[PDB]
Amino acid sequence: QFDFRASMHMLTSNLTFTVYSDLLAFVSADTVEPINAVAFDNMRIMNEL
Amino acid sequence: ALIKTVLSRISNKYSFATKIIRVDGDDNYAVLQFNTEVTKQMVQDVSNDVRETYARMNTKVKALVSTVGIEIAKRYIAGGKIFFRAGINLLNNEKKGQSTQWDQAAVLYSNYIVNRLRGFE
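Chains as they are written, first to last, in the entry's author numbering: chain A, 839 to 887; chain P, 606 to 726.
Treat each hint with caution, since some may be false.
Far from chain A, by Cβ distances over 12 Å, these chain P residues were calculated [what the hints assert, rightly or not]:
| no. | residue |
| --- | --- |
| 1 | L612 |
| 2 | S613 |
| 3 | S620 |
| 4 | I625 |
| 5 | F639 |
| 6 | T641 |
| 7 | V673 |
| 8 | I677 |
| 9 | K686 |
| 10 | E699 |
| 11 | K700 |
| 12 | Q706 |
| 13 | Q709 |
| 14 | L713 |
Just some of the chain A residues that point at chain P, by a computed CB distance under 8 Å [as the list claims (entries may be wrong)]:
| no. | residue |
| --- | --- |
| 15 | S866 |
| 16 | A867 |
| 17 | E871 |
These are calculated hints, taken from the structure and not from any lab test. Every residue, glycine too, gets a C-beta built ideally from N, C-alpha and C.
Construct all of the structure, not just a fragment, from the sequences and the given hints.
Here is the structure:
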């Protein structure tokens with residue numbers, strides 16, 4: 839039997855939110871001048887001149 | 606000089622590094638690099654700003670902004686490939702040459718070869 843009162847449930851959710859997909863779209867990234875780019879040892883990658 | 610001035614003004618509304626500027630006869634092209642990935646709005650804004658900045662100096666320009674290819678008088682690049690127009694006319698000439706019919710037959714064959722290499726057989 840379908841009992842109307844017994845079948846009532848208060849479904850809860852968040853009122854509203856916005857979902858995002860590409861997080862890195864929010865990141866603007868630049869490089870230092872390649873002449874001054876350094877390696878793991880803190881020295882410039884290329885030093886020939 | 607003109608493109609340097611225009612790019613200087615365009616830097617007002619956008620941050621970019623001018624990678625290269627090339628002035629090839631009947632065309633000019635400059636590559637601008639941004640700190641973000643290029644969007645539709647960025648392309649449209651750069652095109653409009655370039656046009657308006659050129660107009661500020663009374664220069665009428667159709668500033669075409671792309672991310673993948675250009676079209677200039679002596680070539681055009683599409684999809685990472687290069688194309689040359691094969692529009693050399695064979696049975697018509699721009700002006701009367703100072704050569705003989707023999708040399709003009711030689712030039713006709715030369716033009717046919719160049720057109721064939723460029724895709725017009």
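Non-interface claim for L612/P: all C-beta distances to chain A beyond 12 Å? Nearest chain A Cβ is 18 Å from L612/P, so the label holds.
Grab the minimum beta-carbon distance between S620/P and chain A and tell me whether it stays above 12 Å. violated (9 Å)
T641/P and chain A, when compared Cβ to Cβ, separated by more than 12 Å: violated (5 Å)
For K686/P, is the shortest beta carbon distance to chain A beyond 12 Å? holds (29 Å)
May I ask you to check that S613/P keeps its beta-carbon over 12 Å from the closest beta-carbon of chain A? holds (20 Å)
Far enough from chain A: is every CB of that chain over 12 Å from the CB of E699/P? Label holds. Min Cβ-Cβ 48 Å, cutoff 12 Å.
Is the nearest Cβ of chain A still more than 12 Å from the Cβ of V673/P? Nearest chain A Cβ is 20 Å from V673/P, so the label holds.
Under 8 Å, Cβ to Cβ, is where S866/A needs to be relative to chain P, so tell me if that hint holds or is violated. holds (4 Å)
Assertion that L713/P lies outside the chain A interface [Cβ separation over 12 Å]: Holds, because the least Cβ-Cβ distance between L713/P and chain A comes to about 51 Å, which exceeds 12 Å.
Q709/P clear of chain A by more than 12 Å, beta carbon to beta carbon? holds (54 Å)
Chain A versus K700/P - minimum CB to CB distance exceeding 12 Å, so not interface: The claim holds: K700/P sits with its nearest Cβ about 51 Å from chain A, beyond 12 Å.
Taking the closest Cβ pair, is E871/A under 8 Å from chain P? violated (10 Å)
Against the hints set out earlier in the document, violations occur for numbers 3, 5, 6, 17.
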